[PDB]
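Here you get one chain, nothing else, as structure tokens; it is the form deposited in one PDB entry.
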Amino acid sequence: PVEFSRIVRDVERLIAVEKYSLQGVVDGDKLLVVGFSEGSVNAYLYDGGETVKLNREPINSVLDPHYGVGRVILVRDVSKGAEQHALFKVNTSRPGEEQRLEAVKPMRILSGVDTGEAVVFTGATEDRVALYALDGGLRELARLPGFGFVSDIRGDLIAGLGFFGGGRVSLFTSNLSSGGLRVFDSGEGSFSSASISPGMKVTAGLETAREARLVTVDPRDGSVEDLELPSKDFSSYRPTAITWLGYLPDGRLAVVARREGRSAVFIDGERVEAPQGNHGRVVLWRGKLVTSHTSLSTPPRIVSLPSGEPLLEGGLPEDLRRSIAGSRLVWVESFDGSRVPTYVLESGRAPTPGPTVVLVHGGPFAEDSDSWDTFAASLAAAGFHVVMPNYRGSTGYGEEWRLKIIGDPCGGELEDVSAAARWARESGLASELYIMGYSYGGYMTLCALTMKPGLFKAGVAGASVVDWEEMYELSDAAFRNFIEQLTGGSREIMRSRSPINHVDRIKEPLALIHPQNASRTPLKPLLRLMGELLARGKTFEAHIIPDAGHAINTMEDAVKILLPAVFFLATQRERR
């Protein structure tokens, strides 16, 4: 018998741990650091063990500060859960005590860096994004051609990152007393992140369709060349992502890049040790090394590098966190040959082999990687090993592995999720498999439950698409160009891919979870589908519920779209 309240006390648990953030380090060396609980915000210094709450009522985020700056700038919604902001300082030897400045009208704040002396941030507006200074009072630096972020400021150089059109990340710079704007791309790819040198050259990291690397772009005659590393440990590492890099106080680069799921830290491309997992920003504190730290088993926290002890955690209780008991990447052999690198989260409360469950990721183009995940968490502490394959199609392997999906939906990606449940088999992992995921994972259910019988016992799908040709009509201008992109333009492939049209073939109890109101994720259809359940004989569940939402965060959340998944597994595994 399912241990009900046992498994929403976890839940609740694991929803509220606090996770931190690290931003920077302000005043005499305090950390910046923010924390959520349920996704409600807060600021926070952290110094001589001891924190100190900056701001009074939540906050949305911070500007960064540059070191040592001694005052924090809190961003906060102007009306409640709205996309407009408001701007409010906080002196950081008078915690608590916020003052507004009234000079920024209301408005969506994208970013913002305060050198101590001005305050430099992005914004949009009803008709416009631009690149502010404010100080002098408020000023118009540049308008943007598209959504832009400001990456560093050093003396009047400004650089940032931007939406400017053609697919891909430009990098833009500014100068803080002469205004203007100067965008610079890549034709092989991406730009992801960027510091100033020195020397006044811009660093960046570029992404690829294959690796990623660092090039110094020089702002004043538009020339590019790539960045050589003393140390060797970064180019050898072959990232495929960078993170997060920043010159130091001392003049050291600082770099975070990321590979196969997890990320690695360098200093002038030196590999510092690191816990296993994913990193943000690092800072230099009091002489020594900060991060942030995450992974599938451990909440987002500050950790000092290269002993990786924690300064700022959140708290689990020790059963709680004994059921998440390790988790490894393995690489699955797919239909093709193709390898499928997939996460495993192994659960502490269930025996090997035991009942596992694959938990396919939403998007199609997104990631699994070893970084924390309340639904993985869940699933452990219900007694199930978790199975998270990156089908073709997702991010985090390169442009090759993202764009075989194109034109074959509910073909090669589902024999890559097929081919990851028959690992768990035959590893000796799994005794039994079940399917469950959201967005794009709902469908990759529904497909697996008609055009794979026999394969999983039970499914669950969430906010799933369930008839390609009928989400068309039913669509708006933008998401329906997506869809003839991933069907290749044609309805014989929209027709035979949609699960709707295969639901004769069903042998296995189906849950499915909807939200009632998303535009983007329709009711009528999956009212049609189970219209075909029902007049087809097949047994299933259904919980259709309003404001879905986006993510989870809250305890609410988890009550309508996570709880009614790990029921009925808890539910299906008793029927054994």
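Residue numbers count along the first chain shown, from 1. What changes on going to the form deposited in another entry:
Look at the two-part rigid motion between these two forms: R328 and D268 go with different halves.
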Given for the second form:
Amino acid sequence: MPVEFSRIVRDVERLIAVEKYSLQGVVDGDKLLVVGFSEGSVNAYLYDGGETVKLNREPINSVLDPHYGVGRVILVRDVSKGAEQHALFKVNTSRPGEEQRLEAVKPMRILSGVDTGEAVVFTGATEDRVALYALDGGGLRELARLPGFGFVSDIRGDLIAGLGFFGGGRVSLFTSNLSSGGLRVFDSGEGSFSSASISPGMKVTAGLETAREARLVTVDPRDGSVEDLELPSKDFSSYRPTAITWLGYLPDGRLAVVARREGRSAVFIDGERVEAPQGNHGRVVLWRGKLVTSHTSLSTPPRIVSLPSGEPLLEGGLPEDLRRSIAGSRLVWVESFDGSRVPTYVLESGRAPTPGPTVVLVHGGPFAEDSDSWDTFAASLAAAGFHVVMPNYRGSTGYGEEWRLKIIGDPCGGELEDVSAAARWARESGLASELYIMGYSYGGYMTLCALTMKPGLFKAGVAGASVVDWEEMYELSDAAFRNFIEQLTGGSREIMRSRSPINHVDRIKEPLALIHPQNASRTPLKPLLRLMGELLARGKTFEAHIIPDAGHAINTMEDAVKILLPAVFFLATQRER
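Could you output the structure for the form deposited in another entry, given that the previous block was the form deposited in one PDB entry?
What comes next is one chain alone, with no partners or other molecules.
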């Protein structure tokens, strides 16, 4: 059967075009601040009275977390054509579309930020350092240098609270001061801190993710004491979460917590379970006295909903035919090499037979999760007639500290076996007639890792924005990613070499498709050029697609088409062979 290219393009472009919204906070006069992919690009909008107002001109990457009622929004715009060197732009909410560049900040990798209306506190990674900056009337000030990736969580008064990846894959809590600066790190011996919000008593309420569970703890920044937080309702404690998505104090003092287990989240106010649509939820805001959150699911693109009715305020609509191309989704537990149960989401295509063509779609990160959340790539594969298997290999989030840290020191090892077991499960369970592997960033590294370490398991592979050589990538990384590479490999350069797919090209026996941004910082192109030379010299058949002016974060419809369409075409072509 011939590949139906034109339908694939039409399906792919419609799935990319559907509006996707992100909830950021409440500004001005009870205006919802939302980030949305609408009209083919990423923009920032004010929502109020059933209408949206565009705040930015040219597409953005994100905005900083606003304090309630501040009369401005701080845009974050990549000004390096995908290299993730960002700049900050202020937009007065009273004059949307009028941007003022914050010229006191030089282009750096902006990692997080909070705007109190009086000061703009953020974390940025330059070539030599990750630091916690503050921008006010007295100029730009560095408050502290951070030993790796750090993100601002909350600011109440003079106290700043955040989260830091400062060692061995565990997340530490940190505090600083707007007036005096400095840094104080809070490490937990039970697990990692997940979210953080400063209480009215100037404490730090934080989520603590231990080996197999998660709970709320109170951290006194004065002496570092930690105690379990008790809530006036017991719904949260009996919910027994394994991960905490986000928490924060509402302006009326109530504590909102979004926690999750088995790829689905729940909303709690002062411990009480609030009804929310099935799936995954973002931050919770108080808007005109009502609770608003974001909602997403494997069949529902990210949307803005009110609680507890679950009724949408902003959502993109999918055409019925695309809705039908996803027959359903389920979570199954795949047994891996050492007897661990790998939580795996399966997306059953309504346009494939059973057994039928199946793509194992490996998520990136690796500190990320295949959850019941919208995946544009997974939707395109179901629309093109592929079942999608999404394994949360070890190193994934959402299933406890123990499962997440198992990857530390073992890239392309135990987690690769998890991917293989899910693939073998698909065929052995009667779901898959043939097996393909596909992934981007770290998922693209896994594809190369799979085709080199386990030839013959899959029929063909798609590696997008992949890691090819840990050594060269480390030499081409900034302060943050160099530290991140060190934690992932456990400091071992021997792990950096033996676990690099570039050093195992001889083993490849399957057709390979390479897709790569031309000027991405996280995953540089120069090692990929070396990989293609290796493939050619060793007589391996491959195809490569290098997309320019795009990096890790795509914020236009055209670039998203150009990095996804080659993958679907390649797999559809392979299916007829």
